[PDB]
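Only one chain is included here, represented as structure tokens and corresponding to the form deposited without the named molecule.
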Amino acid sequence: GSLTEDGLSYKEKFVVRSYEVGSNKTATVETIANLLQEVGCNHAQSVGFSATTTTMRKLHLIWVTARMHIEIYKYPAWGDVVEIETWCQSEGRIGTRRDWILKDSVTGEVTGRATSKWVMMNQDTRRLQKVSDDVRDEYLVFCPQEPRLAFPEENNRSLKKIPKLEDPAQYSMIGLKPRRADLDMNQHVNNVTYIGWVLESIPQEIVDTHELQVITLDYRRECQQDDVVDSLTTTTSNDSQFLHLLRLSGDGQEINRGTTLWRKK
């Protein structure tokens, strides 16, 4: 991969692997989400990060994902080349945003797009905070100055408020636990794992007859390595919509909430 000519965005190509595809012989949404995470990581490395700056490290500060929104029009097939372009943007003192555009390498057509909201937090106390001016200036030299949005629309799905699923849930998948493959290099549960856990409570019949078009996921609390999770889903709706909830198996402490939109195959 490489930064574009202006140095304000980063591009990388990926060839879809055999174990990365589902029953349709096309990449899963978890494969897509892992690839977005990989291109984001390579973008940070290319401009001297890690995404902590020198000031953030001095104050034990980290960037944390608050929301992830993905819309896929076409899943790349096994063996296809997918090109992803990503960039970051400052959102004042609220936090930062990372956007992605997915394209078919052969045709150049947009096959998907994603946006994520990030908030600043003390690594030890877990206390969120607004962005300091010294930090804001340090990453503004790597972001475009004029707004560049993957989701520019007037009232788009990426910014919609998500409600809390009420008991009883229509569907559920109980006793989900992360294994070592679900942990990143810092022994924290990978953000993509939660996408998988949310989808576990979608019945196999929807999965077999529909394609996932949109997923919006809020991250409220982290699942520890020794925590057990319950995945809850209720139909809110040819299209099918669902409301999701991930909560701890015991006390019922909320860890995630989301919505998915599916279309008939």
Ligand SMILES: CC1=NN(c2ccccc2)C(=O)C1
Contents of the next structure:
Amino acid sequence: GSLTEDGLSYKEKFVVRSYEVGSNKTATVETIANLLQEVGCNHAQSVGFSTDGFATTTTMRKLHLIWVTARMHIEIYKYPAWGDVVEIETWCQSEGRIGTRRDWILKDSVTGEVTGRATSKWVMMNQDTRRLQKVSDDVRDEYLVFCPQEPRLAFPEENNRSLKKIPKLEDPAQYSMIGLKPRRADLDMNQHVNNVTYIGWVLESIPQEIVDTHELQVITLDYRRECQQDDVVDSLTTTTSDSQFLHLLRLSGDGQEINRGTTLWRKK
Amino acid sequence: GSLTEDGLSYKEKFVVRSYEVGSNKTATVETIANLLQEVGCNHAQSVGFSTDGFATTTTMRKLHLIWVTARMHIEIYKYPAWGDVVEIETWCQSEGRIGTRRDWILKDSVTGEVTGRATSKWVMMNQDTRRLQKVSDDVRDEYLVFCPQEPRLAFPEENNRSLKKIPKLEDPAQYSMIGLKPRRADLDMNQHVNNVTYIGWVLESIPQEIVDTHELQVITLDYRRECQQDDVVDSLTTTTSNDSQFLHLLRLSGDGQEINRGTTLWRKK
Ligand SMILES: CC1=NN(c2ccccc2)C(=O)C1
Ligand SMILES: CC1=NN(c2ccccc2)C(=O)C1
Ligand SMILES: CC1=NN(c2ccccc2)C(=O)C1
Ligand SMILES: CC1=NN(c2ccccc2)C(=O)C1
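Based on the form deposited without the named molecule presented above, generate the structure block for the form solved in complex with the named molecule.
Every component of the complex follows; first up is the chain already shown.
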């Protein structure tokens, strides 16, 4: 991998592995999401920020501050097959005092064609109190020289799917997968549940018939709270319709919301 | 990746990824086991066998025969860190009519030093009936030209750990993790639970205090039955012992039917 010529974005190539593919012999959306995380981490390392997924500055580390994912939006046109080489380009942009955005473009290495695109919204939070805060001028100027100045968006279309508000699923859910627990493989180096595990948990309540007859085209997921290493999660899904679904992940006990999302599936 | 000069083994390099590391900032044993699986799959593809993890011939496919893992033995000396390049070399050898063996050597790309080694025993089974069968001379002859003729073993030592018999854990277990279920990420392209998920499930019943003060040095795991996509598993562990050793059992939550048994050796950090 490497920063591009102008140093304002980062590119990396990946060869899809045998254990990374699903029933269609192509990469799963969770394999894709882990690759987005990997290219983001290598971009942060290349310019001197932390490499723990939080991309912090020395100023942020002294005032125990981290960047945390608020929303993840992924649209895939073609999932790469086993042995295929996929090239991913990523960049960040500041969004005023609200937070920051990281975008990605996935291309097939042989054809040069765009096979997918993703966007994520990040907010600043104190790692101990979990309290969010607006981005200061000093902890914004530090990132400015590593981002494009003019807007560069993976999803430019006005009124696009990545910015739509997601409602709360009402009980009873049409489908559910209850009692989901993380194991050590679901944790990151800081012992927190990896952001991609939540995507898997969301997808657990989609019936196998849909997975067998359709391909996932779009997934938008809002992150509200963490599942701790010892928490248990219930995954709920209701059809809102192409097939579209509304999703909710909540803690098994008290029903506390951890995530909400939407998925769009096209017939194979 | 590529077959080596003599065409009797296969090598591939891997750069350790950010999501592949544990609390020590080094690759987990499950990341290592998936890489062993990936290099084995690329070796099978390079010479014309199936690429679904079963490494079958056209003769085996018409008979609905597959190779399945009976035992997996992994010994790690140094886990590679995030961003490190690890080179893995793999080869197979026939073991008469009993089955076949696949071996691996893990090296650090920069130093050339051996950082780990692994060996696995495979048996032939009918995909549908689950009935094992001894290897025929015609099946054995199709693989002979892709394997070294003289013995080449990742674990040559006289009384080495890879061949020790594993006893059955007696109730009550000292530790347990109950109600383990696979999710879609745990499945392979054929919708079966990936062999590496069982390693994770075994490790789930090791207390967090051990994981925090020790590093896993050796793991030997025997595979007896599959966990189906809709089965629930209980993981049991009892200490058998600086070094700490444990006996492990994975069984189906309902009837207590054994799916795996194993041993792990941990050394103080
Ligand atoms: C604006 C922001 N830019 N970045 C960033 C991160 C890594 C590489 C380049 C830029 C943030 O984390 C926030
Ligand atoms: C905004 C927020 N995002 N998150 C979050 C939770 C889990 C994983 C990633 C991010 C919060 O806790 C609040
Ligand atoms: C003996 C055996 N050799 N092999 C094998 C597989 C792939 C490449 C080279 C060889 C078996 O599956 C059994
Ligand atoms: C010998 C056997 N190995 N196995 C097995 C089970 C799960 C994964 C891999 C292999 C059997 O069912 C019998």
